[PDB]
Amino acid sequence: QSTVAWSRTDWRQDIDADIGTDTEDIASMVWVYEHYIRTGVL
Amino acid sequence: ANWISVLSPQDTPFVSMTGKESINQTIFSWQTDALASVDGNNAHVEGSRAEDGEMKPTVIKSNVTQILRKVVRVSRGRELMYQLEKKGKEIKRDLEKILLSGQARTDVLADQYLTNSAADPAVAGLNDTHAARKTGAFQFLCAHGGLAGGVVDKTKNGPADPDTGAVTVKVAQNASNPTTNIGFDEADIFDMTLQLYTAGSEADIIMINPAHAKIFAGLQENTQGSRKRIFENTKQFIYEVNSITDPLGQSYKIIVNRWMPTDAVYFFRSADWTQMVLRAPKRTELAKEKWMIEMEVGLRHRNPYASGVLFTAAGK
Amino acid sequence: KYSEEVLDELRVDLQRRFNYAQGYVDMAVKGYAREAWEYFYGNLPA
Numbered sequence: 258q259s260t261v262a263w264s265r266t267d268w269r270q271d272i273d274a275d276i277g278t279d280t281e282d283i284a285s286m287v288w289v290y291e292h293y294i295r296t297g298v299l
Numbered sequence: 020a021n022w023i024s025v026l027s028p029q030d031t032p033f034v035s036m037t038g039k040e041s042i043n044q045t046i047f048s049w050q051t052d053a054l055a056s057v058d059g060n061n062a063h064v065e066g067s068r069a070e071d072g073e074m075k076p077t078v079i080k081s082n083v084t085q086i087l088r089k090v091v092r093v094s105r106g107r108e109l110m111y112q113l114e115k116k117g118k119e120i121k122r123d124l125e126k127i128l129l130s131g132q133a134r135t136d137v138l139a140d141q142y143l144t145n146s147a148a149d150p151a152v153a154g155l156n157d158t159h160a161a162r163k164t165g166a167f168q169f170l171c172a173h174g175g176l177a178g179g180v181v182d183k184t185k186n187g188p189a190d191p192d193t194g195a196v197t198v199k200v201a202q203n204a205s206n207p208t209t210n211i212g213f214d215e216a217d218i219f220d221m222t223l224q225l226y227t228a229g230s231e232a233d234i235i236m237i238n239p240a241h242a243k244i245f246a247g248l249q250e251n252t253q254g255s256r257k258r259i260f261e262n263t264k265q266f267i268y269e270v271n272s273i274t275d276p277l278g279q280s281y282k283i284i285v286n287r288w289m290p291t292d293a294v295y296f297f298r299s300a301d302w303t304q305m306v307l308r309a310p311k312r313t314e315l316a317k322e323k324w325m326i327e328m329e330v331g332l333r334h335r336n337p338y339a340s341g342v343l344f345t346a347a348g349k
Numbered sequence: 005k006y007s008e009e010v011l012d013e014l015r016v017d018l019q020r021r022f023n024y025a026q027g028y029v030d031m032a033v034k035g036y037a038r039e040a041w042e043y044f045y046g047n048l049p050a
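Protein chains in written order, with the deposited numbering: chain K, 258 to 299; chain C, 20 to 94, 105 to 317, 322 to 349; chain J, 5 to 50.
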């Protein structure tokens with residue numbers, strides 16, 4: 258859905274494709290999850 | 020709902036573990052056979068009187084590259110890009126399945142690849158003499174000992190290298206069962222490690238079909254009572270093995286790949302294998322509304338007696 | 005001290021990247037730009 262809505266904002270881009278970056282290359286972009294949470298984990 | 024579900028099994032460890040290297044010809048070649056033997060005694064009586072040396076120079080090995088089409092035919106919204114990516118994944122899976130098969134390169138040329146004089150003289154003017162380029166597979170380059178026409182024979186061990194006696198391709202012999210169960214012996218991979226150490230491969234990776242991991246899993250246990258797990262108030266039941274060390278001190282990391290033939294196991298190594306490519310995947314169309326892909330690729334192997342293969346069956 | 009193997013790997017990576025970039029950019033931009041230029045002079049409607 259996060260990719261569908263984006264690739265449908267236009268009809269040119271496809272975020273889930275390979276622009277040419279090698280997977281082992283350190284600069285290879287990867288999806289990370291950032292979160293802000295109010296909770297007593299303690 | 021505005022999405023689709025796709026399993027997309029895309030392990031592909033081998034392709035990322037072997038890298039790649041571009042070439043400038045549909046047929047590449049390297050040359051490496053071995054070092055000279057030991058000959059044992061080399062005493063002398065103060066005189067050479069040689070015979071022009073016993074160099075016996077290296078042998079020249081080559082391989083061929085094949086073609087993959089995976090045509091696209093249009094007669105989800107824009108289904109074009111979807112089917113294109115799907116076919117791309119499918120061709121990648123097909124490559125991973127082929128490069129690990131037992132194919133053997135077959136073409137009109139066997140050892141005189143050049144034949145610049147002839148080179149199929151009856152080709153121009155009619156252009157319909159098209160033969161089928163078939164590349165060399167994994168089991169073919171790993172010091173094989175035969176081939177059933179176009180496939181490597183899975184019941185014949187390989188020859189020995191003159192440098193040091195080593196048989197890097199052997200027919201497994203599970204001496205534990207009376208030839209009923211199709212599984213690795215407890216000491217059949219260690220024999221491969223011994224042979225590789227004698228030949229000096231330095232491999233440290235082993236690909237395996239999930240239809241055989243149960244063997245290594247149970248290997249950590251036994252019935253005689255000399256090997257058993259323990260759990261000291263532990264809320265875990267780890268049942269897995271991902272590392273082996275033969276008595277020779279050679280480590281070996283295990284990895285699983287579903288695209289291998291069930292009746293075989295492979296001993297890979299990063300640098301010893303390289304993926305040669307000539308034509309990159311291009312989205313295009315034929316001559317003067323379809324789409325298509327065309328990927329020219331070939332397989333290269335540094336030295337046959339480096340990597341190892343082992344067939345699983347019962348002798349008969 | 006640049007190795008030739010490094011340069012070959014770089015050539016391969018760059019070739020595949022250019023292939024992907026072309027395969028994308030073509031249908032992303034040029035397929036529309038050609039017909040837009042044709043409409044510029046009114047040559048597309050036959």
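Hints are computed from structural coordinates only; laboratory data are not their basis.
Among these hints, one or two may not hold up.
[What the hints assert, rightly or not] Okay, the calculated beta carbon distance ranges per label pair:
| hint | chain 1 | residue 1 | chain 2 | residue 2 | range |
| --- | --- | --- | --- | --- | --- |
| 1 | C | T144 | K | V261 | 39 to 49 Å |
| 2 | J | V10 | C | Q50 | 21 to 31 Å |
| 3 | C | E108 | K | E281 | 28 to 38 Å |
We treat Cβ as the ideally placed atom computed from N, Cα and C, and that holds for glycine.
(request) Could you check the structure against the hints above and give me the numbers of any it violates, in ascending order? (result) 1
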